[PDB]
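So this first bit is one chain, no partners, the form deposited in one PDB entry, shown in structure tokens.
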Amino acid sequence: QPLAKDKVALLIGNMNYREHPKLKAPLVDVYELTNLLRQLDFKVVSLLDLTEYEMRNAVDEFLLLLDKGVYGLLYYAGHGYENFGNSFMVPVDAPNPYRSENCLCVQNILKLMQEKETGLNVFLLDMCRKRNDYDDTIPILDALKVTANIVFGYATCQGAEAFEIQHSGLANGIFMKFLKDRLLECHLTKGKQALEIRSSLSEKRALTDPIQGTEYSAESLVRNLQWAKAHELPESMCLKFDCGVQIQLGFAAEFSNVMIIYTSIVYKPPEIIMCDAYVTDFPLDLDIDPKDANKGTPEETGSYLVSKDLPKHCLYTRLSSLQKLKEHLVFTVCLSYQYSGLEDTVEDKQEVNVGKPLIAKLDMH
């Protein structure tokens, strides 16, 4: 029987490039792939918009989980490049033009995966190439794609336009389709595209293979808790203001580095006729435009989470970039309230601290 010792996954989606065309596609594709992998018993990390430093720390810690018998999946979506056989994943902080030292190399990660003694390695790259970056003419000089169980997947589109066109739609990502078709148990648009799948398997492996489950393992507890504690969300607060008004502050995870906050009035005393609550004062590291806070749908914040997913009728705020948090997520719930019978509006302020939510816990900036 093929068994997994563990099932671990790291998904990266880069979009918000400083010096390169911004992408949109990754967000959806990471979310849907996360959601698939959860149902296959994977512990997933899902990170949007990483710098070089962030990507390296993330990938290394993924690689540290790949012991003997582990099933490991790595996914990247975003800009990439190719030179002399060597492919590169570009972080959001990379300058223009691309230099190798600003980028993470595919083949290095692949070589590291092949040393680890895993039961299955999966490495899936969905890359936007620059228009005129075709594959180079090369000899093959070095390989490990025999000695360990590998599925390697490499999609390309030439240019951001063709990339975004082919990725348009929900539920439709190339690798999610591949996984569903090939590893359990969207029309061809204009432009230039490529897909490469390569595999070397000594025996049939599938994502659906059972974990060798444990009753009393220290290692398995370690593994579980290392991941689970990187995914602590704040408990919902019922914030009581001095006038008697109660604002519920709720929290949702969207990615390992994205939290939705949402606000609702849950008590209005008879002495108050009208009230509004809003959030402000977020840490500058997280970099929120208040134009994208306090919105009347989660959709308006840029969330994948829709109005049917979250509690309804709130104001919604998306706090992305949690990996950049230095201290605590200190922010302010404000209350505006009008007293019953008066025109007079009062303001009040309640500072909230929620600690280090999600990957912010690691404190690795």
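Positions refer to the first chain, counted from 1. We call the rigid core whatever largest set of C-alpha positions still superposes within 1.5 Å between the two forms. First, how it differs from the form deposited in another entry.
- Only one of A228, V222, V266, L233 has its Cα shifted by 2 Å or more between these two forms after fitting on the core, and that residue is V222.
- In the core-superposed comparison between these two forms, the C-alpha atom of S321 has shifted by less than 2 angstroms.
- Annotation: Cα of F175 displaced by at least 2 Å between these two forms, core superposition.
- With a cut-off of 2 Å and the rigid core superposed, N57 has a Cα displacement that falls short of the cut-off between these two forms.
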Second form
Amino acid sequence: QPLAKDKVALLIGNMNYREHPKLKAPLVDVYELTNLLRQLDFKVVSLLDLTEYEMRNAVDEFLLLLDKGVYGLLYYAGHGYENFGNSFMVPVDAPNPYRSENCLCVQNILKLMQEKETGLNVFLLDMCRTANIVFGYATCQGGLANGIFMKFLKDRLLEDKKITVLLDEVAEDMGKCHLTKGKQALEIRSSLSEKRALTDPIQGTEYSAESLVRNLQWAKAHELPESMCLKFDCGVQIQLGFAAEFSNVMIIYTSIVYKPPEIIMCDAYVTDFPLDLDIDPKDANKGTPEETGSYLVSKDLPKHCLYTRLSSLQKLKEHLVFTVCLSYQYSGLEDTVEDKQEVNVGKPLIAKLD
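Right, the form deposited in one PDB entry is done, so what does the form deposited in another entry look like?
Below: the lone chain, stripped of partners and molecules.
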């Protein structure tokens, strides 16, 4: 029975390009793929909208996890560039027109992967135009629907079959669909000489330094701040919540859980976020998570709160410090009272790394 020493996955979805058309599918697809891989016991890091420097750092750190026998999976969705026989992943800060030096060369990553003694290394490119390496290269021409590749991949990914056979079925499913024939293509390259599957069990978990390094890094990237009850001088109590949508996207939500009898009406809101997050106050404190651009973790969030989506957590170099304001009017009075409390929740999710 083939076994994995560990299962690690890096998933990058680029959508909000500074000088190129915006994509919608990577958001839904990276989130879908993250939960499918968690079902197969992968430790996953999922990141949205990365610059060149961020993507190069993420890919280099992912490659350091590929110790002998480890199963790796690198998925990229976004703009892709093809030039002089090479393909390139396009970061969100790419100039117009594309230049090689600003993008990540796919063949350079494949060359770095061939140097590893991984039990399985899957590299999937879902682009808009022995190492045991399986490379899938999906290409399509330029609301919450999946992209073509993920629509077919998600319905086969949990199969207990050799990864090459399973990807071959995905390519055949696409060729049997009229939507794909003149819109989407799939190319698979493989030097897999053994029976290896994403479903293969992880080997009897020892506590070696090598395995502890891999678990530590992943554990940091998943650290959410604990829920907080803020107590104000006037008696008002605000509950503060934190949810992870991606490794670099966190949803914050607030609710006035206790309002004293003597206070007619009160409003709470979050403000003064670190400037490196670039939070537009007009997109914060929404009555629904969907209004923040958060449509995936929405269902699993408490109701009747105010929501703020904190994306770009990878850009935070300091502690996440922000303010909770309170505007309350006393009974039988004509004054609006303001009071604020600073909150330091440390370095959440991917910002926990350094």
